[PDB]
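Each chain is listed here by its residues.
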Amino acid sequence: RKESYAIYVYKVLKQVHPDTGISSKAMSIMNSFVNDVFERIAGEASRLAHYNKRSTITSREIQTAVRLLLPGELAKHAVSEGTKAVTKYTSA
Amino acid sequence: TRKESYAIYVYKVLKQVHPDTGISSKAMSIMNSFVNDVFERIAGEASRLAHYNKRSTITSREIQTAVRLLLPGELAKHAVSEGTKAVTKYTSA
Amino acid sequence: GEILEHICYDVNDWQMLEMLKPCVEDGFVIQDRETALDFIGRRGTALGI
Amino acid sequence: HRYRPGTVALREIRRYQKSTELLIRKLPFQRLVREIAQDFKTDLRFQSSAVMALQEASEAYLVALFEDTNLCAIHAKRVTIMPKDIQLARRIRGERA
Amino acid sequence: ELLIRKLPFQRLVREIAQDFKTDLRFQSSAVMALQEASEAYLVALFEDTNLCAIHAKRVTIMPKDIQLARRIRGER
Amino acid sequence: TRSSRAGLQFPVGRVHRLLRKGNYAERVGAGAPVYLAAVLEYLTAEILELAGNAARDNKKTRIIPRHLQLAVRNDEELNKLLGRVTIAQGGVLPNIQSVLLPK
Amino acid sequence: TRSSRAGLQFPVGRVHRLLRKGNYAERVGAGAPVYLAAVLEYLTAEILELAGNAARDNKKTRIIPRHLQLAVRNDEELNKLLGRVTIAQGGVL
Amino acid sequence: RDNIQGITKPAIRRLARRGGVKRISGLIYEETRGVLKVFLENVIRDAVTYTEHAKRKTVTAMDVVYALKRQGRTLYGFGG
Amino acid sequence: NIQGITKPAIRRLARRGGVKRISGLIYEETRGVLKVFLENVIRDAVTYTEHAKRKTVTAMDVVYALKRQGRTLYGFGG
DNA sequence: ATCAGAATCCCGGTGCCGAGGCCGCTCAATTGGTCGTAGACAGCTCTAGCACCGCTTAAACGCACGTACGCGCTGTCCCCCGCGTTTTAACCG
DNA sequence: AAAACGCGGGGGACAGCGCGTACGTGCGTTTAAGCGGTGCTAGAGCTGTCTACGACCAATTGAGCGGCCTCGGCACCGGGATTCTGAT
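Residue numbers (full-length UniProt numbering), protein chains in the order written: chain A, 34 to 125; chain B, 33 to 125; chain C, 295 to 343; chain D, 40 to 136; chain E, 60 to 135; chain F, 17 to 119; chain G, 17 to 109; chain H, 24 to 103; chain I, 26 to 103.
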């Protein structure tokens, strides 16, 4: 039983560069990349919560984690749209 | 207040290994931070290993593998040996 | 050695110690008086601490 | 015509940055990894994907090390690379246990 | 004893933190940790730089030496 | 679907699963997985952008590991965000030392 | 006390408590804390022994940053274990 | 003067002598201030992020230690 | 039998590395450095297998041994 | 300054394998509700690390001097390139 | 298809030798800085109340995974044009 970010990478690519595709091995690289970034961000959020005596990984913990992993030219735009997603989720 | 530190225990080990020598507040802090770092590292390794083996529990064999990966070598055997004596003597009683 | 002396009085008579070897081999799991009383306690099992 | 020493060397450099396929010879690397794991556990077992991952991380190591070695020679007004260059590259890197 | 010089280091740290935040208020232990870490980094880097000079057949370290050390470390 | 209702393209439910079974904290907030999905989505989109542009500049309509390698390394920043990462079967940027040229 | 019955100087019980409270896994084996305390005790004993030896070589009854750092850096074993680590107020080899 | 120049030429000198440098070039000092500058920017950035998350208006030695530990040089002595 | 990693192989890897000239002793020293790196990664890999109880190193165990030394590999699972 | 001789490069032809689509029905998703309790919030006491000023004095700055070494230039001669040729280990059905 | 030997050959290593910028080294100044000492008061760090938040649990279903199946597209080839390169 395998679990992967296949259709999601496909959906992003077909949303933004419709004329391109993603090979099987390129997909494997991309799956590893998404899993790795997820592990780093989530591990940092967990460490932040442990430091702060926090038993919940909230959007604020993920905020701090992304702002503290991605060092410059990232986590300005990424944070803005992340907050946009959380906000309009709460609206909807 | 109750402070989270390995003060008395490091004192006990130091008197066992060198009864005459003592350790001060700062050096106790060095030892405490070092032990916390090593312990955090081993526990993180054990949890990661249990995860990658899809095992949702931690145990002496998890810590076996963690210690063996982390400690570079020629204390790996010693750490394994003393940990094993501790765990067999535990499982007896 | 005190135990084996209390058992086999004649040290030259090795046979008793030889037949005792499994006993002291398997009884090493306790090496202190308090622990031994406590082991009789674990087998007593009288909801004790 | 006899090619002067150096131009084909640049040519191989350019060719091997353009290319991407692996470059350490794969069956010799299979034998090397097999006999190196033998000393760590008798009756041990490898698969193709695992050997490929080892060979490929190995190639990454050696290209990075040769970046450092070349660059160290260039800093030392040296175009060749020498064992001292490799040792320096490694011992600044910290892998010299 | 410590050699990167106390109050100059503290003020340098203060203006560095000023850019990242305002009314930011350090701790003495925090300043000590910062100075000790920077000391360790710089002693390591000068060790590397002297390796670089000694390999280039030079006794005096140089700009190129320290840049070599850095771009083999990787932060550069 | 929380992915739709949060306007994302990545799986809110799946990142919630993974945050659970990773044992990252005793509890997980409602908004955290959505934010993490958004961050992962956008990093995905941007690295794929660089890859697609590399492919077009290679006159070539397919993402292969070399294209991902150039997409990572050519950017001055992602090169060192993935500096400890080794992309498989991606070569190296074609750089040559200026002194190491015929002159 | 679990430590006192264990004949290890480190708190098995508090190590278990932190392993539970550290989100490391939902359940923790009985022997894992014991093994971890044993390895922590062993590493602390080794480092403290080396520090005391350095203090004796320096003709000092007091174990100071320079003693601990000098031990860790002279000894190749601990040196490779804590190579990318810095000891506060610690001098150069 | 500006406090980047607070790290004095003798301080750079003593650092170099500890690390084993026999001689220091006059061009060394500016760049040592530069590398010190960038490293402090990094570590203070992570520390300030830690405080901002903590709703704490005071950088803490634990925050500095955590920042250094992520950058790859764990600092012992100020643990808590 | 260390010669499997041959002189042209080290040569070409250096040319991928941008090297223009290679001293003769680079080949032997390079094989040695390769051996050291291989020991370092195989030790962690076989440790992970002994954890799994299996005999066969999985690509996952490879990736995890490699991620232990701070050199993450991408493509071989995740 | 010039053009011959290798390598690199353009196009397009044919073959094969994997990408991307489709299909089913598996599994976990998604409401819907309930309960407990973690955090937000409010409020208090008390820490501690500002801001500066003494005062002594170690340390830093500036300047001047002398000479050990950086960089350049030249020369010789070891040590590789760069083929061509001959083994050789490997190639994938 | 690649590795391995062998030969002549060019290029560059390595050493030596000179000169001069740059360096370290005093010489004391001026500088600033421990290491005290002042008065804060920001803002902890801690407790207690109570709410919304989140964790579990059925019940319902629709996104994902594996299997299956096409055919664009890439690698491949020969042949043809491009090209940067001394060589004299």
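I should point out that these hints are in silico values taken from the structure, not numbers from a laboratory.
Mixed in with the good hints there might be a few duds.
[Said to hold, decoys possible] Calculated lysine-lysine pairs in the BS3-like style (CA-CA distance at most 25 angstroms, straight line):
{"id": "1", "chain 1": "D", "residue 1": "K123", "chain 2": "G", "residue 2": "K96"}
{"id": "2", "chain 1": "I", "residue 1": "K78", "chain 2": "I", "residue 2": "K92"}
{"id": "3", "chain 1": "H", "residue 1": "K80", "chain 2": "B", "residue 2": "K35"}
{"id": "4", "chain 1": "G", "residue 1": "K96", "chain 2": "B", "residue 2": "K109"}
{"id": "5", "chain 1": "B", "residue 1": "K121", "chain 2": "B", "residue 2": "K44"}
{"id": "6", "chain 1": "D", "residue 1": "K80", "chain 2": "I", "residue 2": "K32"}
{"id": "7", "chain 1": "E", "residue 1": "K123", "chain 2": "F", "residue 2": "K75"}
{"id": "8", "chain 1": "A", "residue 1": "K58", "chain 2": "A", "residue 2": "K121"}
task: Mind listing which of the numbered hints don't hold for this structure, in increasing order?
output: 6, 7, 8
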